[PDB]
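As structure tokens, one chain now follows by itself in the form deposited without its partner chain.
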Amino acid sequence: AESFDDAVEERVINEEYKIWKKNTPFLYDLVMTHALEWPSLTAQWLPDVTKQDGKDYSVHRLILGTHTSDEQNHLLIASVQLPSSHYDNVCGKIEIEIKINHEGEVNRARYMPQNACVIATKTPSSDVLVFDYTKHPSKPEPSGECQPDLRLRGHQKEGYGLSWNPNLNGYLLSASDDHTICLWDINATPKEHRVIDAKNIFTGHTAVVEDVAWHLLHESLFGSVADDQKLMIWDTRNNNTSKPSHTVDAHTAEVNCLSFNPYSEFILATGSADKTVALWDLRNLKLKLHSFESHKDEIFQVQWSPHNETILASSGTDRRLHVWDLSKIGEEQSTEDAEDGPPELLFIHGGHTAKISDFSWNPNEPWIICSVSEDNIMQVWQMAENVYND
């Protein structure tokens, strides 16, 4: 590069990666790398696991998407062979099973927990689509025409935030660049071209709403995060959709993501452009529980471990994925361990050489993550047992 600092930075990345590759047998129990035709902006493991009898591997599936320059975009279902002859002329195959025609890049794709065949998608346009992949062929049509099972109206702009209610069937939330949060009941009688209008529109934010998340236990409770630096807590039982139950001045920059703790009904996390992950207690949102510092750039995704209550991970533009352990907060460290980071930082994943777009914890196999980057790479990996043990 033209700048010395720029040329060094590009070289350090390439050099760090070569070291990461050579050190993978020390840090991981599993590393699987796959280069997708196009980069995916989304990643989410489907909940099902198919164990073939007398086979040394199980088949896991994952929802992916495409992001292309000028080609036909697709919603993808990929199969992954994980441990429960394998030589290619690398160890476990990653394959695209379903390709469903999509209009524009898939900003986010999430399955409905009550019917995992149903997947809502965020488009680069105002509509939010719904697809039943069993109501579509495995091979897409060269017609290139996107035929969603439902078109959800209410937004004026594209977005990323998307969350299905785990306790209330068909209740879908969506966040948009238009500053709104839309709610739909996909069970409502559609109209026109399978078009369902927003049941409610929440207008509390005064900037781009980056994410939405339903509380995992209270079916009426959800949280939102925006570029206005706020975290907002909403109750659908209230009739005022312009004022949230709580407004939290969460960060010193844009708030890009949030995730509720799957084991503690009061604990929640937010990720920000201020390069920190904040911990929140719904019982006292005026005071921040803790700040996770060590990310070297804007954070875009936060996800709690589906298996361990004290574990969460964050990813962003710094091309790294950090895994944090709440139980290690305020622990004593030797001066040598202290220089590597805070005790709460359990692991740094340096497998990606580009911005991490999304990641997903495998719900059936503990410590397995799938992360997708802007350079088309998708990694299925698992840190070494010794990292989280002893």
Given for the second form:
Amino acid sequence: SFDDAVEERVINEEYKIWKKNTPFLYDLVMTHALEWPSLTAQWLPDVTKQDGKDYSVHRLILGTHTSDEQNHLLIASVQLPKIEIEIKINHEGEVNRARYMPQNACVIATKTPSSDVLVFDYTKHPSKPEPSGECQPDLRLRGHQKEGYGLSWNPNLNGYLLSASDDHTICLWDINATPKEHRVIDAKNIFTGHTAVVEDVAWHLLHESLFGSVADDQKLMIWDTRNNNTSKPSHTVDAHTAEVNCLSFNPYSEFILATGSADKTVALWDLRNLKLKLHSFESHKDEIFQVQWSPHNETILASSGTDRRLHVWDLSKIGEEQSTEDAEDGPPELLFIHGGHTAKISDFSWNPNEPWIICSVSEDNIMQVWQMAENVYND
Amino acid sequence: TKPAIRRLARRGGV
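Next block: the form solved in complex with its partner chain, after the form deposited without its partner chain:
Okay, now the whole complex, with that chain kicking things off.
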């Protein structure tokens, strides 16, 4: 109580200082309070530049999280050198996560607070929500017994979707399969290696048969779909000293991936030798829930979670010399701490078209689109 | 200075 009050004051005072220092650290900071908090954020891949205008239009997939109100899947537009909701689609319960299919960015899968995983083609619904408040997904993907968060599309196999669930399983669907009644597709495969809540799943970005999963059992598992046994992964890695909440494959380094954990660390892994962690990124003060590699720079990654402050890392600086005073602030590979949020970060996304732009969303309804200044990452 | 900025960056703007 007293202790809670002190933390709240520290957070607020730090935010006031952060605010006054933004010109030194950013080239852009746009803050926007959403009607409802979003648990999810992902930039869509396409940008629209208007004739004779000094800005381009980028788009984001967002969701709502309501108390006792109708939820929606949202497409928002963002003008980059205003934020508007363009498309609003009825969704059953909060949108735990929403991700577009690489081969057709009109297609979006969502995780719900139920066992169903949903698919929408957003161009095949009205831009304004149906007044009935009824959710009408284009597909219902069944196979789980519980809700979950992890979701991953195979960028080399059209329509191959993986999903992680609190039921301890991973479901795979090919959404091109012929649906039965109620537009249902049953899981093509179910992977049962984990012994606890599965938090995240991710396809390898080059090898179409490989994927990884992470769970509350503290394991990272590497799976190969060419194997007949779905109860035993190709590799089981003792990854962390607490729950593993996220993983991300490096788009430019085919052997490298990262995992983020309740143990406050991001671990770096080399698929050629998973017996030994390659590196441990330390600095976060609380549980990490999301980790994403930069779409533009192979050494750059970011992580976020309960400590409210997204960290950006540059693994090119691992082992570099720094003053002992600098060491007090963190390891050499810590590049940036984003101080813009005062609540837990629920998700974030790197802009795929404008380097160094990130959108992050937090539990207090805030969405921020921001770009660190060149003086941070250059030299 | 570039170093001052990187320090401020690593300290989260505080």
